Structures are given as structure tokens and as C-alpha cells.
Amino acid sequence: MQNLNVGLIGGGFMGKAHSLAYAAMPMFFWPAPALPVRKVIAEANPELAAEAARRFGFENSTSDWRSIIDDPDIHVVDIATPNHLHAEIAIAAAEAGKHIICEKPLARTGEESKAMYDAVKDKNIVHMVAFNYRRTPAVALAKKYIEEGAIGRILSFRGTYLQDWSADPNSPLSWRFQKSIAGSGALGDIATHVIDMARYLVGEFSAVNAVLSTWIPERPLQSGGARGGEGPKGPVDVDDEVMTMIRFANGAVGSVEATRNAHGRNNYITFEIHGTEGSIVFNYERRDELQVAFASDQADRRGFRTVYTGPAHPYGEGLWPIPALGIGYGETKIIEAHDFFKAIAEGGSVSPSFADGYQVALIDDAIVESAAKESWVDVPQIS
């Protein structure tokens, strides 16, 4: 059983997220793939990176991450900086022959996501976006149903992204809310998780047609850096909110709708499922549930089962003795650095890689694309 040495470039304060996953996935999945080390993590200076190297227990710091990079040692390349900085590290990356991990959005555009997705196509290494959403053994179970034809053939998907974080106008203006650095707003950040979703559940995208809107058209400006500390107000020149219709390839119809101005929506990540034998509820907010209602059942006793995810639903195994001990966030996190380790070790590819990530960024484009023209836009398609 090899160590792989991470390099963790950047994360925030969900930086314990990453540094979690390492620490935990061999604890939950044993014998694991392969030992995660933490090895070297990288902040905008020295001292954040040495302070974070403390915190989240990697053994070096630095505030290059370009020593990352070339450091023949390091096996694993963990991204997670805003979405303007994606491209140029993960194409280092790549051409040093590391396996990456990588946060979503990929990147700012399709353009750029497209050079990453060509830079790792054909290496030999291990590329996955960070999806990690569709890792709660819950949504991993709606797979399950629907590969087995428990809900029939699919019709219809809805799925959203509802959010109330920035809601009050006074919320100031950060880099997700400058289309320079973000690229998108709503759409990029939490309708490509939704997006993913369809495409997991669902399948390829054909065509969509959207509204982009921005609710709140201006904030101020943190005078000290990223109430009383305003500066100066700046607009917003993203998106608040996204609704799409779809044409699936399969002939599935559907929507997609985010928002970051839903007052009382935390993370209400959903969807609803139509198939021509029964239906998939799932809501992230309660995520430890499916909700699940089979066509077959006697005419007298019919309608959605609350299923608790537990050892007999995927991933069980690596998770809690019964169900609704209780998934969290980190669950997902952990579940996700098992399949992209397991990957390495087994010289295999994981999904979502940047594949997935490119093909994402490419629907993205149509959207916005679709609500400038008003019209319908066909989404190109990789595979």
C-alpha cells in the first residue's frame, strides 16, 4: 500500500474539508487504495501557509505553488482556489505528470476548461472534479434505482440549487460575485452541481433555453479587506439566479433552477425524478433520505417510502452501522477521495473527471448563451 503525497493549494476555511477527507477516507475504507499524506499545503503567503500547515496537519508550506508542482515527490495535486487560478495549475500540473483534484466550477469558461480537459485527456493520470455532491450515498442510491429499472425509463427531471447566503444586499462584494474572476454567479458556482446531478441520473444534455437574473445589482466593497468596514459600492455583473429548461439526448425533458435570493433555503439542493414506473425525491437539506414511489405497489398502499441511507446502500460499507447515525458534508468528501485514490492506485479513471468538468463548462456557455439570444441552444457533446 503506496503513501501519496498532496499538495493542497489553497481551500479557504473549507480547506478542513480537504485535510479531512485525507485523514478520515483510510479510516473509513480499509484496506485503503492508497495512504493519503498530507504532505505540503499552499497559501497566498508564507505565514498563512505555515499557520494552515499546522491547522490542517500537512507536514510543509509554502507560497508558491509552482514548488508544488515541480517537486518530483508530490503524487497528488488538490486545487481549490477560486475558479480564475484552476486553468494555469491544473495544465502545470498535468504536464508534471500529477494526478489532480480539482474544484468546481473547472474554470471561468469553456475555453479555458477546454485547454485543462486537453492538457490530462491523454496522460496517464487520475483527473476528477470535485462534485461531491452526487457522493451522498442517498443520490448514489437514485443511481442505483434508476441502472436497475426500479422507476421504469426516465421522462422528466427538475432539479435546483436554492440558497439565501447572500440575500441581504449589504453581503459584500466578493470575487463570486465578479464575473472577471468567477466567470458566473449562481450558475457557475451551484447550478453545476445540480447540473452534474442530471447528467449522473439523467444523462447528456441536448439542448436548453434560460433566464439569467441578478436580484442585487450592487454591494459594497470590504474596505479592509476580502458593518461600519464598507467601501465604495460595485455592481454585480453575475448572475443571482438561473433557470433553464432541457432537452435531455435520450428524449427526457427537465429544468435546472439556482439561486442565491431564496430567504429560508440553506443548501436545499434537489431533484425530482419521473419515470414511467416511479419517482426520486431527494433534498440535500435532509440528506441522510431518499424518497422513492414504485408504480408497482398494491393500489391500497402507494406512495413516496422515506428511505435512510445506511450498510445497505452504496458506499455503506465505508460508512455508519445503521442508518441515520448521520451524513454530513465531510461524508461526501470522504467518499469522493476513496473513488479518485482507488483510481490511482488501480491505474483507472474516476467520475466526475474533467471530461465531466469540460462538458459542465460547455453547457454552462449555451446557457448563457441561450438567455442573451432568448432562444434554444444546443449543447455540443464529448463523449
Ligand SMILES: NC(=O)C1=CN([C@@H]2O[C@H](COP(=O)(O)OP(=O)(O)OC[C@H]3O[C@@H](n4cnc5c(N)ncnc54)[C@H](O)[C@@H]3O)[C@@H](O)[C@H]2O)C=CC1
Second form
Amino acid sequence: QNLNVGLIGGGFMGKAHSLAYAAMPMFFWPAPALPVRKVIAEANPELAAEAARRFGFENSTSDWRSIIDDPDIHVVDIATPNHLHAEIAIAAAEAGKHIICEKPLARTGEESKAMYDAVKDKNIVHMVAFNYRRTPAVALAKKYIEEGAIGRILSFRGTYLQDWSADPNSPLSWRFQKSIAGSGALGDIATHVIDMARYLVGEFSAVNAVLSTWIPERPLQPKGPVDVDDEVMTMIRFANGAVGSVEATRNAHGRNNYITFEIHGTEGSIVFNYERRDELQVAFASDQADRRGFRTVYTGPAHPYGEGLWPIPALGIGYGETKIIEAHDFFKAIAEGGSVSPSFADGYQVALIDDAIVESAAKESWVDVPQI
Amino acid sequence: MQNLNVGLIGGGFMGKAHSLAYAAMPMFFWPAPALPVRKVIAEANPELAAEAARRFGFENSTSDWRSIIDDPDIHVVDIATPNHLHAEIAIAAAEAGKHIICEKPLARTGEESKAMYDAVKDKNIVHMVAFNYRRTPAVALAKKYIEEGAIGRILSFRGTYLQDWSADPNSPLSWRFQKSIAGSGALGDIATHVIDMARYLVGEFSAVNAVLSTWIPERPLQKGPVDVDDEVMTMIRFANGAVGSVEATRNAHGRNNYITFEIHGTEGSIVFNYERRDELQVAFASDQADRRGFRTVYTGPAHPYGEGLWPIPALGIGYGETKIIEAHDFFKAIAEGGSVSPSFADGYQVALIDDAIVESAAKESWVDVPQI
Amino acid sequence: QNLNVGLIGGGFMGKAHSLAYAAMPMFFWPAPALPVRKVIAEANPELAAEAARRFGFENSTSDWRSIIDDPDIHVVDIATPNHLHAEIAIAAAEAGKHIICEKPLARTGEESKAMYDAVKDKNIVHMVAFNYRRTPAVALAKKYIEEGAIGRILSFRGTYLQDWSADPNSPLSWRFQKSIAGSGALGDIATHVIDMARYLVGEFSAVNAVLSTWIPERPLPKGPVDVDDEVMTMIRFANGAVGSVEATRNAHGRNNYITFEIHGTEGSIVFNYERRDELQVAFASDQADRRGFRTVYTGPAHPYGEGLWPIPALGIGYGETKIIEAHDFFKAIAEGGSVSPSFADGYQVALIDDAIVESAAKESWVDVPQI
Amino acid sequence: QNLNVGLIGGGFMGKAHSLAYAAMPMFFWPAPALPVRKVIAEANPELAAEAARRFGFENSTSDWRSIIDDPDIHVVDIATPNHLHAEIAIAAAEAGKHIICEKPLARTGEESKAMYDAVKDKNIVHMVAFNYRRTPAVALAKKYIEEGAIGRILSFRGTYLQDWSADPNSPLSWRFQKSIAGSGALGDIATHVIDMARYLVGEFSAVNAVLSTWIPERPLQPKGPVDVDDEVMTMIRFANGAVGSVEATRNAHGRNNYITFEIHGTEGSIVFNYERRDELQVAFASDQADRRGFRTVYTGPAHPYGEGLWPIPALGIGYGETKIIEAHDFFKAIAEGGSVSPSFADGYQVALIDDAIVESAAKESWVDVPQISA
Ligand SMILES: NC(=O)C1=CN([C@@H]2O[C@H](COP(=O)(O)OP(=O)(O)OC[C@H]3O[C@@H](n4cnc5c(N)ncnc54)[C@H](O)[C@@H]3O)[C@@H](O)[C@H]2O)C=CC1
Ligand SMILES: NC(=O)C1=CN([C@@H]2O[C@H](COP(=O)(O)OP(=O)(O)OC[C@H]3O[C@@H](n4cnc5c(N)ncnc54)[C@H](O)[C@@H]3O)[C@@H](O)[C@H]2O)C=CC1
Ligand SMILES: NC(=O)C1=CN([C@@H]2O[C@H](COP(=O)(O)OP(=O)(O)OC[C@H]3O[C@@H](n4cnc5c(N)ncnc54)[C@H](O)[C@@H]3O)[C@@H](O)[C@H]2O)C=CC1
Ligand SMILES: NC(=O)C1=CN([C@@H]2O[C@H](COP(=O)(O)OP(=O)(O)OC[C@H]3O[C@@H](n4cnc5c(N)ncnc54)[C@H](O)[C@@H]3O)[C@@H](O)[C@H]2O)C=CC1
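Given the form deposited without the ligand, corresponding form deposited with the ligand bound:
Following is the full complex, with the preceding chain placed first.
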């Protein structure tokens, strides 16, 4: 069975998404369904037609509403900047389309809520693209935790450290503009870590945070204001009694895409570093005392999703494989008439955690995270 | 834009990696040198062939590879079969005036490989052997440092390829363990990748001195004998006067896809580990005395091929990106009427090196490597 | 010149300190002064006598006051549990003796204050034994920072993760009893990280903390743990940087994992004591195609390198940190100078700990009093 | 019991040796015996007196013969360059002293044979100072192998890679002079790896090697010739049927004290890197399939020698602890009327391997390695 995709935005995530739709059935065969790259929307006709050629779409448009109104489109895939997520998803939901939307779901908790409300009562699959939790090593961590293999979780530490804008001469873009992005590091990269904490540990009860801006204006490439955070650090109380912290920054020289976590359980520990994403480190307390420590486990056929990936460990997982697994599970949900995680429910919950972090930093005090 | 019809022969492991490369290359390298059309796939029987076409997105399928050779509208023949069919298929393709990419090793013996070289060497066709690991961005970056003189003159090279997927004696007797099909075991299957790297980064081999080992002499079928090497180690004299060694094995517990090198130059060193392929390690002698050592460099836009890959370092290179780069350079050679490296000339030189290694092991002496 | 040492405590730190006194001049020659292991005190005569023979002291005693009252003694070295730090240090200061005291300085801010007040108007050398800041790699980090090589510091992350007590059957030693220890992970190990932060970044302005006890009772029949197993705190530095420190006794796979990561405007530095020979430094100024963390092995080219091993990676262990400590302590004494960290630093750390405890109790930011 | 030590030479090993004697009882208590730093010899009386003060020796001399002839000296510790090991050890053995000698035992197999022949019938403890095998990680690897925990050994790889002389302006010290040193990288650093190979895998059956000199002259401490190898690589056939190789060099930028090995067994693998000596990496085939790989094990109380070292893993092993452990075992053998490994027998076997490597390199052929009993 074919599912006709309408992809809105042909930039960085347009590419990664197009790769996923091209490759997914090659990896996961027989596929839950066959993606058809039907129409791509971009900001003007020339951009759109060029994107269609590059990414292999059958049609282009400069008006995304023409995708919403097309009765032959089954999936709407939102790959635009954060300011258009809600308007597009809400239209798509009203037209009864399945939706994958890039993170953060929207710019604020309130805007995210409207998207969740728009889908929560329809029999459509809705997904927020936190692809990093589908790194096989992160799925392997989940497996170990659910089996009890590290016991009860005490403590979680999570980072997302980057440096692509660590230079003040690096130009202003929508990622530095509150009106567009909603927040800086918090929305752009801390949300990936937060989803990861929710996935592996559980729901957040409360946060206590500090937001920092290090580079308050950038050249327009003549300068404009950066009115978002460059860096966030937050302590966390988890609803199950665990404690933790998350730190994200755009200003860590030497750190490129350093999404990490360290989890301490009563019977073991798990460490992950996405810069070496093929590896998961796991220390089991039950190891004999003279041979006890972290094992470096390379993901392959024996680990979650391994049947759909490469025939030996360390043949190498890249960014693409994570989007491929994401597309697979999205399509599986559609084909099976089920739901997928993370959904717009997960999207909205994160946006509420973001609001709580901002409020916490403003008031310099603990803030309870409202639940869903 | 120029569209080239590909006939792929084999829909196994490399059939998948190759299909991914043909679907993805234009998305990464845009504007593309030419657009691959997945036109026909050949497999061992008609049911296999049709299923592989559905899986890998080929328009047509056949159980007979000759029908690809004889089809005037196929521009590219891509040989992804086991080693016993490389020569017959490439020689047919050459005679039909097709561009050819052939999986490594080029064939089972030096003499088979020579017949393939002789068939293409005086034709105006692009011919390539699929030593894709040299197109890991980290390896291309190593080449850049070297050719720039940034580590000075090369003194010594150490290369490995350590695996463990058949380290269990109950792993069965596939074609890779059968000399009549494979030609050799670890030597032809995995040492050739390291030998190609050594030729690319250091230069031509002058002599070798080797030991071949078989640790598991019989396996279950699907009982039968293993008549190839499980492991090879060889010393090398390079024609430029550097020294080195290469070691490959199927029997190193904990080693998954551990293709590595370490190069010592007069002014620096380079160390590469494919299990962490995003990284190149480089130590420059020119560093100030109190801040000298190996730098871990993560590949991205600033490094070779980076313009066609991901927007920041450590977003993550996998196996697929190496095949995408290989496909890009193959197609660029075709579009531009040039040649590509490594070619059948390279494939044949490596077959001669393997033969010299076998001779060496048998005679327990240094053997000069014949030049093509 | 000889400096006569009176060492109080013959346990773990007794052994490390005795090693430092025995080895320091072999390493740093000519030496600032020659340590004489003159008297070791222990808790009873037989322990003391055995400790003097094991550690090579001229004399033993089962009464630490015999050291204070011995006019031959130049140096009092306090290697007892935390409850005796204050009374011993104060008596030694009143006797005009140079003092090194193990961390934490005392059990609380107030007890620490008494120790500081006893030395602050004197010119004796007083030192608190935060020896991890004298790992050569950490001193290297300080050098890079002071040179401006990573620019201005924005952010600090520090850990001390251990697991020696992660098993609930691990017994109720003095480190788990508030009356003796003062606090748990916070006093015992987080203080090393706080010291490193103060050394590399600067003074703490405010803290916001959470304290956790995971294992509330232990075999002595059992008894209650009334200290923290784990602490995490956010930090505002006086200079405007931000950071955090995390320490725990409950991290399976982590043995002596005292680490930091510093983000400056022109570079980053990472250190991991479990691989203490290494310092990781990333300079923004690296050419754009060869930029990232370089792993620097400490040796002759690096701070303290003239007194250590002749090549990098010959190997620094725990003892070398203590030897360097002793070296600088004795150099201060012999020149009539002061040493860092002093009891001023020890007391400042003790104020930071009190602010951390207070912060955790009140679940709010607390300003750190300055001495 | 007190054992009087006469140390000959107060250079770099003088210091590490003096540390071992001063510290060993603090770590391993009760001690087998108490080392006494009685007399140190150096090459002139001013050096000797200065060394005695630096290293805490009671007495000094400029004539090491006065240590041999001193009836109150129990232990002779030879820490000179390679050219004096033999003359000193042979005189100490004839005088009935216990002996620890620095590696390599002597300059050649023949000279090493003389040393072994002088001790093998005497009732003395004799030791060659291959201290790196007493890194606790390496002792741990021995434990795993002897237990059968990685099965039968198929393959061994060892390196000793350094760069302290990778600048050709680094001066022509004795280490670059064949007449003093006997060989370059081979004798100075490959011998440590060869000892580990013997200890962990077994005896060598044959070798096939290449020796390289990259920098053929250096400034004198005007220039002189370097007439030793900078670099060695050798393939190995082990007597038990395992294969392997060893590589050592003075010319590897970024490598400081990179003594490593990788061992492949039928049921697991072991990897060690001295630049991170606190760690041993071990991969067990028996791990469940979804949690299988190299474990990074930090050495401490649970591991060999752990009762004498630090109370938790990763408090930190440095070079000195290896010398302490070495002195512990040496004194233990003296105190118990026993012997220790590696002895002059082992020293001589290594010198024979070196000779075979040299010969192999010159003939470009496999050379069988004689056993010390031949
Ligand atoms: N899951 C992940 O790992 C990542 C997610 N993201 C998210 O993906 C989304 C897109 O980010 P990037 O692709 O990096 O941004 P980008 O700036 O590379 O591309 C966004 C594209 O949106 C197009 N666009 C703008 N207005 C439009 C309109 N009215 N109609 C059609 N197209 C329009 C632009 O022309 C541009 O090409 C963002 O929400 C971002 O937060 C971004 C990077 C990674
Ligand atoms: N460059 C690299 O990194 C790698 C290269 N290789 C090489 O690729 C080649 C294929 O290896 P794999 O894909 O691993 O083998 P495979 O066994 O996974 O697949 C080979 C396929 O060839 C098909 N085949 C056999 N006879 C055929 C015929 N007459 N016509 C059409 N198809 C036929 C089989 O049905 C099978 O599906 C080999 O030469 C191997 O050495 C393999 C793995 C990796
Ligand atoms: N890296 C570092 O700087 C470390 C510092 N420490 C600190 O060192 C101090 C001692 O710790 P450890 O040596 O590990 O404890 P420990 O329990 O090993 O030894 C303490 C010794 O003090 C002795 N003692 C008790 N009362 C005494 C008295 N009245 N007179 C003489 N001796 C007495 C005990 O008999 C015991 O042998 C503590 O303040 C601790 O916080 C401990 C470990 C490491
Ligand atoms: N086990 C290990 O890890 C190491 C072993 N070694 C070995 O230890 C030995 C000494 O090497 P280093 O200490 O590095 O050399 P060095 O050159 O630092 O010291 C040698 C000392 O021997 C002294 N000496 C020379 N002739 C003498 C005489 N007739 N009487 C008394 N002393 C005399 C010299 O004055 C010099 O101070 C060598 O055999 C070397 O191969 C060296 C370094 C490390």
C-alpha cells in the first residue's frame, strides 16, 4: 500500500526526511507501507521546483495549503521553522491527514496545546520528530531499563553541547529570533534531551533552571538582537522520585553534536554519547567483582531495530538511520491503525516542560511541570 | 540533467547499500553530476529478482544478468554478486561498452583480475572497484593532511581489519569460507580494504612477508570444510621506503568492524578507527611543547566531501554515506568523461598483492609485488 | 634544613602522607626542606607503634597532644576523621606550628570558622589538603586559563562519582554518621570539586542544591545513615560564569570519577581523574579543518614536570599529587610564604557547603557568605 | 629483618628504585623485609654524595667494587647503562649477593649468557627489572588467561611506541650508541613487550623482523653516528602455536609511553594501554548477545596486588607503584628463600629473542629462537 507524502520545507530537515522516505523500505522489508514523495512545498515556486528535483518529489508547490486540500495526500510532513508548525498541523488535522511535525512542536506551550487539541480526538497518527531516541543505542538503553537490568533509576544527567554558533561573527538566523523559534538552545536542542529523559526515566515533576545568553547580537550578513537563550541548565525532579539535570549550549568549543546521557540505577549504570552513537556503555553491578565495569556495546542485529539495519555491529549508524527508523515506526502506526511515540501529546508535554524551565529561570525558583 | 540507467546485479547486502547510494546521492551532492535511475536489478531467480526490485525501488527485474549487458539503454553495470561472477560479468559489460562498478575483491585470483583489467583498460568507459572505506570523510581528511605535507614524510603504517562475526565455530559455511567461490577468506574479504587504504595514503607496495591462519577448519552447512584463511598478518616494504604491516581476522572477540590505521610521519601521526568513523586523530609535531598530542577531529563541512554531507560535524556518518560518496565520484567521472580511483587498475594491483601474500606465506619469505 | 613532622592518623591518608614525606625530595631536588617523619599519633599505643614501623616514623604516641607540646615539631599534619580536625588544628596554631589539615576542613562552617580564626592573624603556613588540584593536568588547565588561551570562562561542569558504597550491605563507617563526618558525599568528595572550581574559575556567589540519601541504613544489626549519598548544585560564580557540581557514592561503574568541563569564549578544557595523565583541550584558534579536543599527556613540559617523570605518560598515580602537595607546603614554610589552598580556602568551602545544605532544605538559591 | 641495598647508578632508574625501597613497606605490610638504602655508587664522588642526599642513602662511593666487597651488603641493584650490567652482576654473584639488574640484561645474548651462568648455580635471588608486567592491569590479564576465561590464545599484538627522540636534534646519548646500549628500540623498549608476550602467551618459537633507523646522526652531548635501530617490527610464531607481532619505535609523534597489547583468545580478547594503565579491557564471548563487548575494568582491591595498593579502583597507579610491586616480590623471595620471575633466566631468554630478531632482520628470514637450556 502506498502513502502519498506532502513535505513542507526543503531545507536541512527536508533533506533528511526525503532520505528517510527514499530508504526506509530498503531497510525495513517488507515495509509497513510504501512512501511516495508526492509533493514538496517551499517558500516560492523556484525554491519548490528545485527541492522537487533534488529530493525526488513528483510535484512541487509554493503554497502548502494546496497539499492540505489535496485529497490524495495521506501524510503531511512539517519541516518548516517553528513559527509555521501549528498553523500547518491544525489545517492538516482538520483535513484528516496523518502528521509528522519537526521539534519543537511549536514556539510555546500554548501554541503546542492548540496542535494537540487539533489531533487528540481524530483517528490520525500524529508524531513529533524526536529522532534521537531512535538511535539504536538509546533504544537498547530503554530495553535494559525495562527489563530491570540496572534496577531502579536514581539519577539522570543529560547534555546537548554544540559550537556551530560559538563565534560571535556567525550570522543571525531564525534560530536566534524569539518571534520565529520561540526559544534558543532550550527549544532547539534541550528538547531532544528532555524527550530522551521522558523516554528512559519518566515524567518530570519539577524543574529549576538558569538561562544564559552569551552572544546578544549577531551580524545580519549591521547587527540584530539575539533575544533567546544560548544555554540552559536545569535540575529536575522526576515523578518516580529520581533526580537529574539537563544542560544544553551552542557555546561549547570542541563539542559538535554532543547529546549524551548518564543514568545511575540501583543495579547498574548506562552512558551514551551520540558523537559515538554506535556505542552504548553499560555497567552491571552483578559482574564478578574482579571484572566489573562499563561494557562498550556496539549496536547491530542483536539489539533493538537491528533486523532493519546493517548485518554486523559497527558497520556504522549515521543521522539518516535514525530518520529511517522514525519513518518506519510512523508508517507502521499508520498501517496498523495505532499511535506512535512520541506523539503531539509528547510534543505538548515537552513544550510545557520548556515553559516551566523559562518561568523557573525568570523567577529563580522551582516550578512544577503541569501534566497531560 | 543527465539521467543514467543502472543495471545492478545482486540484491543481497551490497545490493541494499548500492541501492541506497543510488536513491540518496543526488539529495546529498546537489546539483548532482548525473541522476541515477534504478532501471533493472538482476537476481538468482525471478521471484528473488522481483522482490528485490520492489524492496530497492527498481523499475524492472530479471533472473538473467546477460539481459542487462545486452540492453542498449543500460549505461551503468553494478556488480554486487559473490566473487565467482565478478570477472564474467565485468568482461561482458566491458565488451558492451558499459560503465562498470564492481564490488571487491575484483575477482578470486590475480589471473582472473588481470582478465578484467585487460577488458576495460583500452575502452573509453569508467571502471571502478568498490573500496568505499577510503571515502570515509576521516580517511579523505587523512589524505589531505598527508598530501599537504602536514605530517611530513611517512615512515611507517599499521593497518587492521578485525572482525568476530564468524568467531563462533557454529557459524555456518557460507560462500565466504569456500575458496572456489571466494578465492580467499579474511585476505580477500577484508584485508583488501586495508591494502587499498595503505596504497591510497602511503603508496605502492614493493614487497610483503606474511602468515595466513585458519583457526576454525570446518563449519556446519547452510558439516563441511573451510579451505580459506581466517586471519592474515603481513609485513610490507613500500616502494617509497616506508615500512608497515596489515593484520585482518574473523576471530577477534569484541572487534566488530575494526578497520584502523596508524601512520607515523616525520612531522606528525594519524590514527583512524572506523568503529568511530566520524573521528580522525592527528598529532602535529609543530604544536607548542605544553599542548602537544592527538587532536580528535570530527568530520563535517570543513573537511573533504563535507559540502555534500551533514551541516555540522558529528551529526553522524554511517556506512551509507561512504557508498553515497563512492556513487557521487563514479557518476562525476562518467559525466565528465574522466576516470575514477580506485579503478580496475587498482583492483588488479590489490589482487597481485593478495597473490604475493599467499606466495609469501607458503614459502615463508619476502615476495616482491608484481606491478600491473 | 629539616622540618620535623607530627602526623596524626595512620589510616589511608596517614599512608599517602607518609609516602609524600618519604618521596618528596627524591622528586623535587634540591628540596625546599627535608621532611623528618618524627612522631606519628594513633588511637592507641599498639596501633601507633605499628604505624611508626610501617611508615618509618622516629616515634609513635597514642596522645596527639604530645605532638602539639613537643617543641621539636615544626609541622602538624592532621589525617584523622573530620570530628577532630578543629580541636587539633586550634591547639597546633596556639603552639605556633605549621599545619596541613585533611579535607573537609571541619564538620560545619562554624567549626571551620574557629580554625580559620586561630590562624588568620598568624603567619604560620596553613594548608587544606585538596590534593587533586595539584594533579599536573589540573595545574596545566590553570596555566591555559591564566594565559587567556581559552578566553573568558562562561560555564563550569564538575563531578565526583563513586560507587564504593553503592551496595546496601556496605557497612556504617564514620563517613555515614553526621556526628563524625558533618555530611556525606558533599563534605567528603564534592569539596574536592568545589576547590577545583574555585581554583580554575573563581569565587561562588550563589548555589541552588538538591541532596539525596538512597541507602538509609547499613550493617554496623544495622544503623541509620543520616548524611547525603549524593549532591547536585547549580552555581553562580562571582565573575558571572555559571556552573554545576554533582557528587555521589551511588554510581555503578564510576570509581574515582572526579572530572570537570570548562567552556571559555576561545576554547574548552576537560579533565578525568580516572585517566589523570591526560588533559583534553580544544582551542577555537585551530585551523578550521583540524580543530577539536587534543589529548595532552603531562610531562616535563607541563607544570610541576621538572620534579616528576622524565617522559609524559610514564604515569602519575595518587601519590604524585600528595608529593606535589608536600613540596609546595614545605616551600611555603621554608620561604616564609603562604600556600593555596589555605584554611581561608578551607573555610570558604565550608561556607559553600553550609549554603548548599541550606539551599537544599529551603529549595531556593542561597548567597554564599564571603569570609 | 633488614636488607642492606647497594644501588649502582643514580640516574632516572636510581630515582624510581630509591622510591620503591623507601615506599614498599608502607604499601605491603607486614613487609617481607625492610629495605635499607645503605650505599649508592655513582661515576664520581661528588655525584655519588649528591645522589646519596637526594635519594636518602646512608653512604656513597664512586667505586661500585666497594659495594661488592662490602660483606654487609645483601642486595646489589644495578641501574647503570647496559655496558656495565655484566661485569657488576658477575662480581655480585661471585660475592654471594642478591641481584636486581635493569633491562636489557646486557648488550647481547652472549654477554647475557655470562650473567645467567654466574647466578644459575648460586643460592641467590636474581631479577631483571621488567616492571611493566607488574602493572596491576597486566597481572589481571594474566589471571584471566590462566583461569581459561578467554580460552586458548590465537593471536598476540604488542607495541611500545614513543617519541622522545623523534626530533633529530635530540642528542646522541648512550641509548644511541651500539657499543654502550647494544641495540636501540629493540633492547631499550621492545624487550618490555617481549617480556609481556612471554608472561601472557608463552615462549617464542621463531621471529621474522625488520629493523629501521630513521635518524642516522645526532648532535653529540658537531654530530655523531646513530648505529642502532630506531624502530623494530617482528612477526612471531609462539611455541604453543599462537601467532603475533611486536612493534616498537622512538619515532611516533603523539605516542609517549604507549606500551600496549591486544590478545585474541577462542573465548574472548584482552586489550591494555599503559598510557591508561589503570584500565584493562576485556571482551568475553559468553556475554549475552545483546550486551557483549569490551569491559573497561579499573584495577583496585579486587585485582592482583590490590591488597597492597590503593583502597579504591582509579585512585591511580603511576610508574612508582610498578617498582614498589617489583621490590615487594623481590624482597619476598629473599625473605622466603625462594626465587622471583622474571629472573636472569628470563633476561637471558629475552636477549636470545633480541639476537634472533637482529639475525632475522639481517637475513630477511625466519629465525628460530633458542631456549636458554640449549
Ligand atoms: N529532528 C532534528 O534532529 C532536527 C529538527 N529541526 C527542526 O526542523 C525544522 C526545520 O529546520 P531546518 O530544516 O534546519 O530549517 P531550514 O531553515 O534549513 O529550512 C526551513 C525551510 O523552511 C522553508 N519555508 C519557510 N517558510 C515556508 C513556507 N511558508 N512554505 C514552505 N516552506 C517554507 C524555508 O524556505 C527553508 O528552506 C525546525 O522546526 C527545526 O526546529 C532542525 C534540525 C534538526
Ligand atoms: N565494499 C564493502 O564494504 C563490501 C563488499 N562486499 C562484496 O560484495 C559482493 C557481494 O557481497 P554480499 O552482498 O555481502 O553477498 P550476499 O551473499 O549478501 O549477496 C549476493 C547476492 O548475489 C546474488 N546472486 C548470486 N548469483 C547470482 C546471479 N547469477 N545473478 C544475479 N544475482 C546473483 C545472490 O542471490 C545474493 O542475493 C562480494 O563480492 C563481497 O566481497 C560485501 C560486503 C561489504
Ligand atoms: N584525597 C584526599 O585528600 C582524602 C582525604 N581524606 C580525609 O582524610 C581524613 C582521614 O581519612 P582516612 O585516612 O580515609 O580515614 P581512616 O578511617 O582511614 O583513618 C583515620 C585514622 O585516624 C585515627 N584516629 C582516630 N582517632 C584518633 C586520635 N584521637 N588520635 C590519633 N588517631 C586517631 C584512626 O585510628 C584511623 O586509623 C578525613 O578527614 C578524610 O576526609 C580521606 C581520603 C582521601
Ligand atoms: N625498567 C624501566 O622501565 C627502565 C629501565 N631503564 C634501564 O635502566 C638502566 C639505567 O638507565 P637510566 O637510569 O635511564 O640511565 P641514566 O643515564 O639516567 O643513568 C645512568 C647512571 O649510571 C651512572 N653510571 C655510569 N657509570 C657508572 C659507574 N661506573 N659507576 C656508577 N654509576 C655509573 C651514570 O653516572 C648515570 O647517572 C639502563 O640499563 C636502562 O636500560 C631505563 C629507564 C626505564
